[PDB]
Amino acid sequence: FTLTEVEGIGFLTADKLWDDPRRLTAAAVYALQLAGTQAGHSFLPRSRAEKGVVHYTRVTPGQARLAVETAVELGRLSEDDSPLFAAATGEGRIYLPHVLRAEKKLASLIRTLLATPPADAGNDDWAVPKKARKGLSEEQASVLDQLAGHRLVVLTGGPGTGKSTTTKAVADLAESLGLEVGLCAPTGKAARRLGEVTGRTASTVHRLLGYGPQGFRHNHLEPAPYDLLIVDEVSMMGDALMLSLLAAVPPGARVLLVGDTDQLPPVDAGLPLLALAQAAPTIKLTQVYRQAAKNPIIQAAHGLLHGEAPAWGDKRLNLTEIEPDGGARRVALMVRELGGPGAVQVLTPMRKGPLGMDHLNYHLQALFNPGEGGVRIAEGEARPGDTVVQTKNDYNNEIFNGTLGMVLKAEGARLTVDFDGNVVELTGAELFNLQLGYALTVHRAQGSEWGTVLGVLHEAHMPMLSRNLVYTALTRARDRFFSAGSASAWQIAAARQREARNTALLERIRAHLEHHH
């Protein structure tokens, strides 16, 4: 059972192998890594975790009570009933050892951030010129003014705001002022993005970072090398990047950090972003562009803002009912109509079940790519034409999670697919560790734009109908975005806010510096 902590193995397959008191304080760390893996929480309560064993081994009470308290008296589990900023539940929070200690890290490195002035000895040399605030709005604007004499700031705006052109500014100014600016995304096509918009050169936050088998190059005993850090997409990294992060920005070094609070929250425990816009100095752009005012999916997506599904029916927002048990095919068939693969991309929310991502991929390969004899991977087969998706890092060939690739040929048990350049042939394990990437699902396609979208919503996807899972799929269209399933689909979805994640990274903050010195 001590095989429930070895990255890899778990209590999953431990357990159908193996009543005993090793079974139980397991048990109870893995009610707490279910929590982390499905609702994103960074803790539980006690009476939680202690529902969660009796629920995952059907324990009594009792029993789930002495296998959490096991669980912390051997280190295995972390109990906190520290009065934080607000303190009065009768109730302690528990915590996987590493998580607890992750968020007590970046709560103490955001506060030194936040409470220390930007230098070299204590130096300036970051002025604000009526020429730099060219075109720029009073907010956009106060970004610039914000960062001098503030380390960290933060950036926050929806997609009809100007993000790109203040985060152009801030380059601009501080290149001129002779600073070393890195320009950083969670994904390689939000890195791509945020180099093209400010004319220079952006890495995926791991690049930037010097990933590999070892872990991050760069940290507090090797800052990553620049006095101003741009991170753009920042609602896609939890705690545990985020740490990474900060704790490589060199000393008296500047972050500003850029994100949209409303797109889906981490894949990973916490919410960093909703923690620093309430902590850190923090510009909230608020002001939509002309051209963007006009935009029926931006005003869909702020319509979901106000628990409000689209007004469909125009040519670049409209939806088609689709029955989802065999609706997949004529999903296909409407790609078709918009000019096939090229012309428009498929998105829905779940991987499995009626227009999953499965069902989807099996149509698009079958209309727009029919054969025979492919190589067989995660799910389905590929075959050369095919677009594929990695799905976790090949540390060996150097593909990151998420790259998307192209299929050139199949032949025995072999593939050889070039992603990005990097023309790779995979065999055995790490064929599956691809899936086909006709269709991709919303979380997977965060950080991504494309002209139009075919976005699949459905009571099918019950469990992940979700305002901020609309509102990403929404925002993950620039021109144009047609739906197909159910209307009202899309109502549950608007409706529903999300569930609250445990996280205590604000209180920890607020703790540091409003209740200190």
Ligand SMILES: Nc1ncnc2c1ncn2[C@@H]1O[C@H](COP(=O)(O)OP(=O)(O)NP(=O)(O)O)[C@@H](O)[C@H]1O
The other form holds:
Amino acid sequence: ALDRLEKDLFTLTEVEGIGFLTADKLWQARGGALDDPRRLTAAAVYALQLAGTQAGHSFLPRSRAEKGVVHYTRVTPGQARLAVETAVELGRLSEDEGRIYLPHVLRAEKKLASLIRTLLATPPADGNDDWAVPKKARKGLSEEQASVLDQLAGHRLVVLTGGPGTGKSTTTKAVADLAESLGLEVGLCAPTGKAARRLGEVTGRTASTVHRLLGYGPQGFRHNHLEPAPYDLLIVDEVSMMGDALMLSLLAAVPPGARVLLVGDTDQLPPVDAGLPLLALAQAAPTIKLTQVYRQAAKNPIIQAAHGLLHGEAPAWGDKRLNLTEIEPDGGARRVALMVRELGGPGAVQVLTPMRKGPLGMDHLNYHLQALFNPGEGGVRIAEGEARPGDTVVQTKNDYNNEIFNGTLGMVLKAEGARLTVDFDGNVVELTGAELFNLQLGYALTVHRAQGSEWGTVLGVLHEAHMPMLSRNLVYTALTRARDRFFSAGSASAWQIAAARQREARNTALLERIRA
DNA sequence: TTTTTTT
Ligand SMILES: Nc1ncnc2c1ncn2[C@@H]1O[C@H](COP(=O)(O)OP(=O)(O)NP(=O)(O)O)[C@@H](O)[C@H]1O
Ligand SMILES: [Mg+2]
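Swap state to the form deposited with the named molecule bound from the form solved without the named molecule:
After this comes the whole thing, all chains and molecules, with the earlier chain placed first.
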């Protein structure tokens, strides 16, 4: 092994665990020439990895890559070309101002388009297909919503989009009911734990994260082409939070002839990983677009403000249903908590924040919310802070023993010593030790895990202290979680900033590959 | 600099 490492130390730049950054300091602290070609070629790989990590790009034009090397390194804009070029021919980077990718990402994008291709050209079957829509099946649905039921007939891949609150996820209960009546096995999942949880609620069925559906293991996902996921119909919600990699993994596990229904809105939150497949799919596959808003009552300021965010314009606060109260990070959380009390308490208003840490982060908001509505008796320590009877808790990690999965809300029944017994939707259970780090207080929530949920009145904390997270989709997503009233706490300028900042488009050739 | 998933 280290024969490889003595020849080139920057062999870890793309190795498990450690990355370029670490191997770089371990290279400078032990001699190492910042201009050394072995460091440059590695620096180029790091540039692309970072391109996907920070901006979600699947590739970078040769130029932007050389430029990215200069910013994440520091050599001469001429040496960079040699860095990229060396990495290219060394096979550390692939090309196709060619488009350069991390080798596996090009393969990934090519196999993904391929999978989508066959999904779009093959008929659903087991040549076995009795999909038929009984009238009772479109009961309660709108014309547009019902059309999805018809579309799944004769098509293996169907996309269901529409802005927030148009009843996409709701349409899903009907689709699943139909499927079951036809004797088909239905699998339900979403990218985040809480979203999967809500998909389950509105569907009346068991749903999980895309990771648990595929059976995540040490060797990777259990389900794939050799052992497809056991479902005839696959329903995936909140698909805009799915990156290329996960999408590839899910599609590759779809039983041949089986159906896949993707539902989501690209105007909401983009994936944390690279890519944004839903954008391509919503244009290549048969899609039905819902347009009637049901979440908020017709002509509620919220709806108009949401339309404003899509055009870089902040909300016109003032209304009893759309207001903002200025606050600073200093003594901010305390204020937010008092605003909550003034609104009926934690149970009458959901608090949302863009980040977990910081004076206005989820962790500190929780503390003040806990201190204000459930003051007292030093209970059992958990993820952050402690839990005391009466506290609302959120499962954040999967617990197979008791079968409490990421995204489940619970109520602390009692905290005795180091034994925290909680009630997770009827499933009363006792937690001790390690399993205590599987949950956090649930008074405050991040916007990312809020996607897919709705509440009557929402209180979103948005302020300059959230700078890195001030994007248009983020606030559009936060604002639209509200059914009746949306109050904001922070600064009006934060919203102006957020509305004007649309994260840059993600370099992707998925659509091109599907069509070409 | 930050968001998620993870037997
Ligand atoms: N056809 C309908 N008629 C009346 N109410 C409906 C209808 N469809 C959905 N709703 C209600 O609208 C709200 C649900 O919207 P939902 O199905 O979550 O839309 P969505 O597009 O999934 N929103 P989102 O996930 O944020 O993009 C609930 O009050 C549903 O009961
Ligand atoms: Mg939904």
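Residue numbers count along the first chain shown, from 1.
Peer 1: One rigid part rotates against the other between these two forms; tell me which of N401, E222, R498, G339 lies at the hinge.
Peer 2: Of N401, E222, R498, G339, the hinge residue is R498.
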